[PDB]
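Encoded as structure tokens, the following chain is the form deposited in one PDB entry, with no partner shown.
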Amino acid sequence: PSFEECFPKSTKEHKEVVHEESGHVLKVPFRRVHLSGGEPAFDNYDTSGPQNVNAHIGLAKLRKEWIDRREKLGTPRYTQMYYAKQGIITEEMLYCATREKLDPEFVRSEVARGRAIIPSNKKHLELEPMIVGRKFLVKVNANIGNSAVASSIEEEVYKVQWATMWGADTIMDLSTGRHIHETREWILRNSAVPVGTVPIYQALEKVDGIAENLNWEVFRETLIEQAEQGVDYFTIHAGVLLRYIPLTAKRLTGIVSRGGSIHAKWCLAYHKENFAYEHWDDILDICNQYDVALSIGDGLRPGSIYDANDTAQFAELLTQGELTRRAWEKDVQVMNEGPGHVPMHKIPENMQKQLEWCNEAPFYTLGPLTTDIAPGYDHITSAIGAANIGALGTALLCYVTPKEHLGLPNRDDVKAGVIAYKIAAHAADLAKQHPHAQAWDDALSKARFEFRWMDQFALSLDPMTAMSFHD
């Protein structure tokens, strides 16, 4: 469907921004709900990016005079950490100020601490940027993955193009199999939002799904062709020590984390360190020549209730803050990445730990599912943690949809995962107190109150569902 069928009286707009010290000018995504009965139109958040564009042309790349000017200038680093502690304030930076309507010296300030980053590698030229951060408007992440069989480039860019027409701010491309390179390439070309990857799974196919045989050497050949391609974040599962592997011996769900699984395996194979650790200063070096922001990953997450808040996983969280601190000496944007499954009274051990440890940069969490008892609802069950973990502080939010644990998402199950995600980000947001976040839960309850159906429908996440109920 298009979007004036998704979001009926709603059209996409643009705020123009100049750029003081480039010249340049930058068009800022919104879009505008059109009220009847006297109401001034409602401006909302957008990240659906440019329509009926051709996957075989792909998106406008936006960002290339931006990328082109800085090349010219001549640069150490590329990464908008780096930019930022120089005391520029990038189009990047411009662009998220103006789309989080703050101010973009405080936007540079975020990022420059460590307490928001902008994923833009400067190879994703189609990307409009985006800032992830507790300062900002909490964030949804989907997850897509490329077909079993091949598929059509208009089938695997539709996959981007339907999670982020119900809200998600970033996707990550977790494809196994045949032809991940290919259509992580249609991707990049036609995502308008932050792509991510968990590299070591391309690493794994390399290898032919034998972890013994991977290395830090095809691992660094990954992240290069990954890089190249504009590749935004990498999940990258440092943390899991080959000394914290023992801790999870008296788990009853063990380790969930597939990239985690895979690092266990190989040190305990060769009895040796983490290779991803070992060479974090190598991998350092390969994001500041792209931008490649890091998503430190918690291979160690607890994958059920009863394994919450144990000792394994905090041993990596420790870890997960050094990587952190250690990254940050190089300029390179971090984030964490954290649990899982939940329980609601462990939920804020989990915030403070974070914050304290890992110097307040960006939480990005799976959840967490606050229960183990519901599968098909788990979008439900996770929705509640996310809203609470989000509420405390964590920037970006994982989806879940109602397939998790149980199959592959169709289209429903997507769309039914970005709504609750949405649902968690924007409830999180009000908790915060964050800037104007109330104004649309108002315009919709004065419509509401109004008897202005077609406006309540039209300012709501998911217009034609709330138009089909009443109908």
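We call the rigid core whatever largest set of C-alpha positions still superposes within 1.5 Å between the two forms. Numbering follows the first chain given and starts at 1. First, how it differs from the form deposited in another entry.
Just a single entry of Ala249, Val149, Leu73, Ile373 exceeds or equals a 2 Å CA shift between the two forms, which is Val149 (rigid core superposed).
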The other form holds:
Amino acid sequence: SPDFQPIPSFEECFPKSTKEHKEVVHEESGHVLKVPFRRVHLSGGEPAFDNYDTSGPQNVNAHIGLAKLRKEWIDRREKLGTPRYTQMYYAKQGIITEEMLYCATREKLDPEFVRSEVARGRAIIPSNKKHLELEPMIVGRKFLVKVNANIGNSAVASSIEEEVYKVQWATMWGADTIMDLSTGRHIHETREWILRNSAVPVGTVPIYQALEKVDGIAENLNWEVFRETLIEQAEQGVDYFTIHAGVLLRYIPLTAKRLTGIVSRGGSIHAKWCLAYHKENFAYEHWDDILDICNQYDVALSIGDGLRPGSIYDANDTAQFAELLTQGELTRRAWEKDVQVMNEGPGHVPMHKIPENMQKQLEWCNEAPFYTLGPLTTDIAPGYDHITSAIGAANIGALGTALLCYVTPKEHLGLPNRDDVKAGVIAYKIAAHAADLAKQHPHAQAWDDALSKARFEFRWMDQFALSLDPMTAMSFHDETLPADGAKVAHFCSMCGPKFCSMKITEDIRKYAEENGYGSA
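Given the form deposited in one PDB entry, corresponding form deposited in another entry:
Chain only, nothing else included.
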């Protein structure tokens, strides 16, 4: 019974917003789905602006956990009977599931389009049947670009209470998925509390706990230990597993001349084991057995990039792309068993090398969703790697990357705290939305337009309410002009009343009203 403390309220974080749900009926089952969104209430005769909402149910006691909203969906499918439980299996049968309709509604797209994307392997809906608390979401290039927030303890830092806070906090600010990457104490328990209290998909990297199960002795890992860890985590409801099955024995020497070696945590663990025994990666060898596990729960596979580059020097090297080729093989094998797959990508990559990454992944991995860690576009600014990587994430997102794993200001320096989690999520929501705009994703610009209209019209509170982080925008403005009257002033302190360009435009257009721009 951890001493859980509440995050700041939705209302504190998003003034003028309300949580809403769109009700739709899943016709085959008759199940009524309540698909979340937020509504930003505006002034001056503007219609309210509806936006995406990952924050999940609010004010729920963490000792009790979230409502098991998917229970009737899972129970009905079990009673009907099925050989496999994955969204890809259902999609290939021509079945539109509750999860697919929920995602279609959430994305403002057709349910058949969702089904098609999942069936062809170009989108995934990470949704383990044991994660009944989940509000379904979809990851794929044809959908909104999504953001993952990484949390979890280490042996050096944090606690159960703080990690649960961090999941609620990450999702408040826009995280679409989270991963519990705990490598310290109480791994199982920490994850249980998180899953029961997470409305978003939860991923893990099972090799971390497997290594803990053998007391940090990598040589004592093997398939059997790993298999038991997979089943344990699947039973709790983990929606996706990062598995570094492309770190093949023969690829390891390709890293010998790298500047920063193997920087992947899981990748380095597999490499250590492979070298210790001179034997092929056991997750690769047992790929089919992993697929059998995934089929029973619907755990999606996030095929790791254990040989990703950890420095600009190492970007796009032979080791990295050898693994990418194998990720594609593993992807196609998974699809033969109807297991949902995404592929993990780099890393530290300078901007001119970003296009090659997307081109090769799209081709070699048959358009499976891509899931990048950034990339960081330069190594020079630890303390600011949310910015160095927002540049790369936005770029690779624009080229088609479906899920952007965040990077916080603590990257390369220490375990992120709750403040760093917020900073990382905001930077990544910026990158993801900038990518949506670059892709001309339907209706993405409506958000920018609503805020910009409020800006031009000096509807200051509306401007703040429409932004990613309303209280930051408001407090920043108020540092110089805190008075209530300034919230309707046609200027701010940047230019002052006589040099505000939008006020000058306002006067210009007023002058032009009577007959136009043609008279003195």
